[PDB]
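Peer 1: Here is how the chains run, residue by residue.
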Amino acid sequence: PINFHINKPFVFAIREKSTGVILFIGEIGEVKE
Amino acid sequence: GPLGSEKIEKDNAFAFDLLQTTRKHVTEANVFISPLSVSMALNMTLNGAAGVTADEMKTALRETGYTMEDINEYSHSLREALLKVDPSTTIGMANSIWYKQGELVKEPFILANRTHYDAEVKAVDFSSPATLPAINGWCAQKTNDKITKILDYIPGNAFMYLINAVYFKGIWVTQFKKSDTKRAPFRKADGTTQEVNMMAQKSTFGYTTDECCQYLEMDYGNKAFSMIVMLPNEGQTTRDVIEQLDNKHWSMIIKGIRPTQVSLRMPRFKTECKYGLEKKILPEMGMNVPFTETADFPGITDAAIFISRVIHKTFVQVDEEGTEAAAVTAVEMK
Ligand SMILES: [Cl-]
Ligand SMILES: [Cl-]
Ligand SMILES: [Cl-]
Ligand SMILES: [Cl-]
Ligand SMILES: [Cl-]
Ligand SMILES: [Cl-]
Ligand SMILES: [K+]
Ligand SMILES: [Zn+2]
Ligand SMILES: [Zn+2]
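So the sequence lines, in the order shown, correspond to chains B and A.
For the first sequence, PDB author numbering gives the first residue as 376, with consecutive numbering after it.
For the second sequence, PDB author numbering gives the first residue as -5, with consecutive numbering after it.
With the rest of the complex left out, here is chain A:
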């Protein structure tokens, strides 16, 4: 229903729109995001918003027409499900709120976030040399030290940080053997070729195809989590895959997957990304007013505050044993 299947479709619509919009505005070869991390940090912040500030956040998050109660209860249920579905996979979903000591932050806002997001709430002195390492140290603690800094500086007039950290460490159901990894060429997006450590195995994997691409599903642990790989055919591009992705296309891939004997070649790879989502990406998705002096957050404080930055950092490492991935999203308010 609306607070079940329909909200998952809207969240995956947010995932595809966030990927498409990020890809449009960044120039790097690699893109790696956690839409779950971004929407969780923004939904904590949304509990304080009123009027058009709240409407524009809900538009960007694909949550128009949902009440705060329903967004919070859905977020709480989703988090609980992800944390317990597979004890053989390591999953972390942590949330924290850091605010200026001595300022009054409304208790219903704090309690909603403690309840539905298990947010750790801390009143800190932003001028103390202890505060930046406490915040960055929390990020390191919640990402197995894969994201060790979310901030390089705290502006003098900082009011609050709302931070989410998603962590994943899975072991392939069918691991590659490092002794089968060989040096091989990989064609880069810029047309040059590089030599990589190409992992290899032959096994049963979920597989399907469509006009553009081949698709593979690689399970982890107890098969609750998996990796979907979209490999464009010769002459087809990843840009076209990204631009055509939506709930319908994703549903068609998932429903088309069949167990198939596959000769798989996959590079060992790692990437680390950093975004300032407030600059162009969230505004293009419809979030404008919350980044301006006309933002209204009466659920947080009586003072006029706004979102100055939405920092999103990610990490992923894929190897013969599995995958380790992490994301941190920090919403800065001043």
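Excised from the complex, chain B in its bound form:
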């Protein structure tokens, strides 16, 4: 299998497919809890 190891900054989005709309989008440079 391919490795997809999120161990550095990433961009992410939450979308909906029937409308195509992006509900949320962002960038994570620091992990918080």
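Hints are computed from structural coordinates only; laboratory data are not their basis.
Any given hint could turn out to be false.
[Unchecked claim] Dumping the calculated DSS-like pairs for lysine-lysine here, alpha-carbon to alpha-carbon at most 30 Å: (1) A:116 with B:407; (2) B:383 with A:78; (3) B:407 with A:273; (4) A:94 with B:407; (5) A:249 with A:78; (6) A:182 with A:268.
Since chain B is already given, all that's left is putting chain A with the ligands on it; use the hints.
Peer 2: Quick look at chain A with the ligands alone, frame taken from chain B:
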């Protein structure tokens, strides 16, 4: 067509421009926005604008050339579709308008917002100690208590708030098991490394690549909603991803996604953000006049009013079960 596929492309163009412009003006490591929440609150407000005030709002929202009727009907249709596409995902899209008791607010403006945005309209005494907790309590109610305050204060001359709240709680189609989560290093944007709770699983996910990055699609519920992750390759940056994002690049990612067996490592993470979009971000996107004394909102009232603040707050938590996200946008007028 223009009120379908073409408007979705312009909304996602607004999403990328809002992300790029926000990233340019803020210094924090994390950025998290809901362009849907911002455009919904501003489109309610836009129903009252005239002349250059309306033109500049439409420019910033990428809605130039659309009539109010078409923006409202599109917004209503989009909201209805998102609320019913997946009963196994929790979705909230709530709108409210709060205005100074005793002032006259034009009924066609109120009714357009009740109709196309399901706006809850309330005439309130802004001087009452009950009003700030009523507004913040509504935000908490519409975000599963994840955004408990949108305002810390109400200026003495407040006239109206137009508030949108978007809520999302999805369960991964393929959840991680908490017993597989391990402590592992994560390289921060500032170059330091931290130890995180790194979730792990091996499954079939949507995947693709291009020059800069790897892309993953992780579905929720009945697969209507998903998370897209953009992971820059070694030596590549998230700033470059953000700067090169547009409808064309986004379309290329979505169309390139193929089911692939992937070994996935993802940190449990949470972030909460707050913006004053009126300061620099909406002006850079072309919205200037509505924030000044020359703003014209004759659809709301005969009194000269303007937008004093556009407050945007967000929350997201990602864990082994799924994702919970929320956003509130409050447009303040005085
Ligand atoms: Cl259409
Ligand atoms: Cl698009
Ligand atoms: Cl445009
Ligand atoms: Cl409060
Ligand atoms: Cl405040
Ligand atoms: Cl800001
Ligand atoms: K700013
Ligand atoms: Zn409608
Ligand atoms: Zn980076």
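Peer 1: So which of the earlier hints does this model not fit?
Peer 2: 1, 2, 4
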